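We begin with a single chain expressed as C-alpha cells, specifically the form deposited without the ligand.
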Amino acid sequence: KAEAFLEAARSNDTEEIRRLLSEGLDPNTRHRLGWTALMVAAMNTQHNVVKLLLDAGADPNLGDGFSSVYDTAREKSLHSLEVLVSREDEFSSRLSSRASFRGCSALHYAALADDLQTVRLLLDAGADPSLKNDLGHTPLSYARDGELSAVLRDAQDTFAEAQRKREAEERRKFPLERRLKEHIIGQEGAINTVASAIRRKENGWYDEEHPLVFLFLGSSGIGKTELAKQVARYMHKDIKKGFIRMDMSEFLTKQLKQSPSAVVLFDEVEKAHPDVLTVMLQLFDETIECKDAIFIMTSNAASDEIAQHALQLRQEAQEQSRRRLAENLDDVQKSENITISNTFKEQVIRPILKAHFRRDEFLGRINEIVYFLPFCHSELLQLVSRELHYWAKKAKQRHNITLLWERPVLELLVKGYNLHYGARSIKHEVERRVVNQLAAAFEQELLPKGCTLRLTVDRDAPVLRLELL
C-alpha cells in the first residue's frame, strides 16, 4: 500500500518520500481518487518534496484523475460523504469549485494555492504553462493577478517562441516535406513516407543497388499524381522537366532517354503484362543510362480495405508526424518501435497484394508502400477554398474584381463531391455553380471593372448567388 507515499507527499515527510523512492516507488504515482503525489505536494506548498519529486524525474504536466466530488462519487459508486472527506482531508480544503478538477496539472494547483515558489520550481522543471484541464483552463486562468500571473505569462511566451523556432527548423531540415504539405491538401502520412524515404536514400541508409521505388495505393484522384509531379518539380528545380507518366491500363525507352534521372509514374498497374513487369523489374535491379531516378506505381488494390479503416492510418500519421519534430536518442528509439502501418500491410494487405500479384518477390524490391486516404471534411473545404481563391485571384488580376465568400458557401459546394472523380469533382462544381455565373454576368456587362462581389447562400434546394456592393 503506497498510501504512505502520498500521505508523506502531502505533509512534506521528505525522508519517507526518499526511502520509498529508493524502493522503486514511482514518483508519478497517484491517489486512489486520481491525484499524483506532486499534485498534493504542490497544492499544500510542500516545496521540499516538490523539488524532491521533480529532480527525481516526476512528470509535472500530468493531469488529475479526480473530477468533482459528485462525479468521482459516481465513477467509483460511493457515498458522496466518503469522497468529500477524502478530497478535503487528503488533498486540500482550500478549493471551492463544484466544477470538475479532471486534468489539472500540479501547475494549476500551484496557481490556485497562490504560491509563487512552487510555481517556479514547476516551470524550471519544464511544466506546461498552457496545458488545459477538461474545462480548457490554463494554470494562468486560475492565477490571481500578482507576480505569479506574469511569471506564468512569460513562461507561455517562452514556450511560444520555442514552438516558433521549432517550426522554423522543421522548415529548414525537411524542405521537400514543407513544399509538399504547402502544395498538397490532406494525405499527411503519404507525404511523410515518401519524403522520409527520399531523405533516407540521399543520406545513404538505403542500398545504392537501385534508384528509389514506390507503390501508391488507394483511390484515384486524391493526390497521388500531383504528389508525384510535385516531387518532380522540387527535385529538378523546374516545373516542367523531370516528370514521365505511363498508363498500364493501355498496355517506352525514348522518353526515359531524354531525361536520365526523372520521376516516373505507372498508373493502373493492375493488369500490366508480366513481360513489361519483368522489364520493369530487371531495370530496377540494374543501355538504360538511368541512375538516381524515382519509380512510382499506383493501383486501386486493397482500396476497399485501405478505406475500411483509415482512422488508424491518420492517427499513426499525425503521431509519426510528431516524432519528426522531437530530437533525442529517445524519439529515435521511438522511431524503432514497430509501426502500425507495418502490421497492417503484413497481416492485412500484402497477402492481398500477393493473392493479386503472384510475386512474393516483387514487394521486396519496392522500397515502400504509400497509403492514400479519403479526404476528411476539412480537406474538402480546403479544396473548395483552393479553387475559389484561384478564381478570386484570376478575377482580381484580370478585371480588378474582388470575389468574396464565407464558410456557408464552402460547406454547400462540398456537398457536390462524389468519389469517382475525386478532387476534380470540386473543380467541376465551382466551375459550374460559380464560374458559369461569373462568365454569364461578365458577358452581359453586369460585372463592372473594379467592382466587388459577395457569394451568398439563399434557402427557401439552396441557391448560391452573386451580389454586387
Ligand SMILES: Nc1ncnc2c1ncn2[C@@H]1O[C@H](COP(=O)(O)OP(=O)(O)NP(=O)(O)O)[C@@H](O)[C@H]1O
Given for the second form:
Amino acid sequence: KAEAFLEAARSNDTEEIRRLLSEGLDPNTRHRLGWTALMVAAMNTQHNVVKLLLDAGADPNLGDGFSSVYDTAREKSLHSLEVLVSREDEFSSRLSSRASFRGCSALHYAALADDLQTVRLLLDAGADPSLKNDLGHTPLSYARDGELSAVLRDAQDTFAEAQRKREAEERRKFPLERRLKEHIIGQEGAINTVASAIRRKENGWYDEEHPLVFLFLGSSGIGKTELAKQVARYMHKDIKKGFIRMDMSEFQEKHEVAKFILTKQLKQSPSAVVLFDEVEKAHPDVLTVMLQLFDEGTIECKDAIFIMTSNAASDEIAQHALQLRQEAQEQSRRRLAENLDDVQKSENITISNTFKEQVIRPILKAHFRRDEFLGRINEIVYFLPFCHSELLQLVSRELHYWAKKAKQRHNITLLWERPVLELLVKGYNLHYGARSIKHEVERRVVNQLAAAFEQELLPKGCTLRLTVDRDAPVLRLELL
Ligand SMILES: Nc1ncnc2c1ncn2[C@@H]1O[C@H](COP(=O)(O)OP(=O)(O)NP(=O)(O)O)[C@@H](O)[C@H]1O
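Since the one above is the form deposited without the ligand, can you give the form deposited with the ligand bound too?
Now the complete complex, all chains and molecules, led by this one.
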C-alpha cells in the first residue's frame, strides 16, 4: 500500500512524497511497527522531506508506536529477528538502547541523530522540547552536549515563557475564577460552570430577561454555600453585604409563604446573591413565587444571582464521578486557547449535557412536577466528593490557619510533614463533610496546643513539630 510512502520518507524520494501528498494522503502516516514518516525522515537527516512534511502540516509532536525489539515482538507476536531487521533497515541502524522508544517525537530522534538542522526545522514548526517519552526523557535528555543542546534548552525557555504569559492572562481575563480557585479546594467543574455563566450574562449572551439562576446539586459540606459566599464577596466586595441565605426547610406550609414574602433583605440590597438550601422539599407555592421571581425580572431586584441546592441526585451523581472530573478538567484545558477551532469544540454537547438529559432531569422532573421548573434554570451545577489530594489540602488549610494564629499571638512556629496530614485524612467522615476535618484538627491538635499553653509548656518564641509515632496510631507534639 503506502509502505512505499515511508520507504520514500526513509530514502528521501522527494518527488514521490509530493505525489502522494497531492493524492491527499496523511503525513502523520505510520509504519506497521509504529513510527511516523517524519520520524524516519528526521532520524536519517533527510531534511528535504522533513521540511516538506512540516510544510504539508505533518504533526512533529507524535510519539513512536515502536517500543523495543523484544516488546513489539511480543505485542505484534512475531520472531525477534523479523522485528529486528525491520527496525534496523526500515528505520535506523545507529540506535543502541534495548530500552523502549515508545513516545519519542521526531525531535527526540533528531537529538539522537545529533544534527542541528532538523532540530531547527522541527523547532521552527513548533515542536515541544519538553515532550517526555514513556521513560520521562525530553529530547534534551538524549542530546549530545552540543550547541544543539543550547538550541533545545533555549527552546525550553521559550515554551516556558509562553506558559508563564498564558498563566498571567488567564489571571487577567478570568479574575473571579482565579479568586474561586485560590479560595476553594477541589470542585473544578463547579467553578468553571458558575464563572462562565456569570460572564456569559455580563458580556450579554443570555436573554437578559431575568437574573442568573443556578441549581447546586450534590452532597452536604463540600463547598456549595462556600462557593456562593465567595462569589458574593467578589461581586459586592463586602463580605457581609451581598449575601442572603434562606433555610428552606423552615418552609413546608402555606403560612410559611406569608412569611417568606426576604422582602426586607432584598430591600437592603437589590443586587445581592441569594441561596436556598434543600430547595427540593419546600412548598410548591413558595417555588411558584420563587419562579415568578425567576421570570419577572414587588420584585424590584434585577442584577441579582439566584442559587438553589439539593441533596437530590446526590447519590446518582456520586455513583460515577470520574467522567465528571475528566470533563471538568478538559474544559479548563480547552479554555486557555485562542482560535476558532477551540470555540468550535465549545459547540459540542459535553458529557454533562447528556448527563442532565438522561439520568438527572427525569429524577429532577419527577420530584418537581414541572417541565417549566427545569426550564427556568440558567445552569445546573454538580458537586463532587473530594479526591485524596483535596482532603490533604483541606487538612493543610486547617493547620496553616492555626500555625498562623499561633505565630501572631504567641510567636510560636508550628511545623509538620506529610504523614500528619495523611493520618488526619483518616478522620474525614462524609456526613459532615469538610468541617469533619475542622473537628479532627481541633481535636487531635488544638486540644494539645491549648493544653500545653495552659500548663505553660509553650514558652513565647518556641518551635514545635507535629509527629507520628507508631507504637495503635498516636500523634505526638514535640518542642525543638
Ligand atoms: N471546597 C471547600 N473549600 C474550602 N472550604 C470548604 C470546602 N467545602 C466545605 N468547606 C468548608 O465547609 C464550611 C461550609 O460548608 P459548605 O461546603 O459551604 O456547606 P455545603 O456544601 O453547601 N452543604 P450544607 O452543609 O448544607 O451547607 C466552610 O467554612 C468551609 O471552610
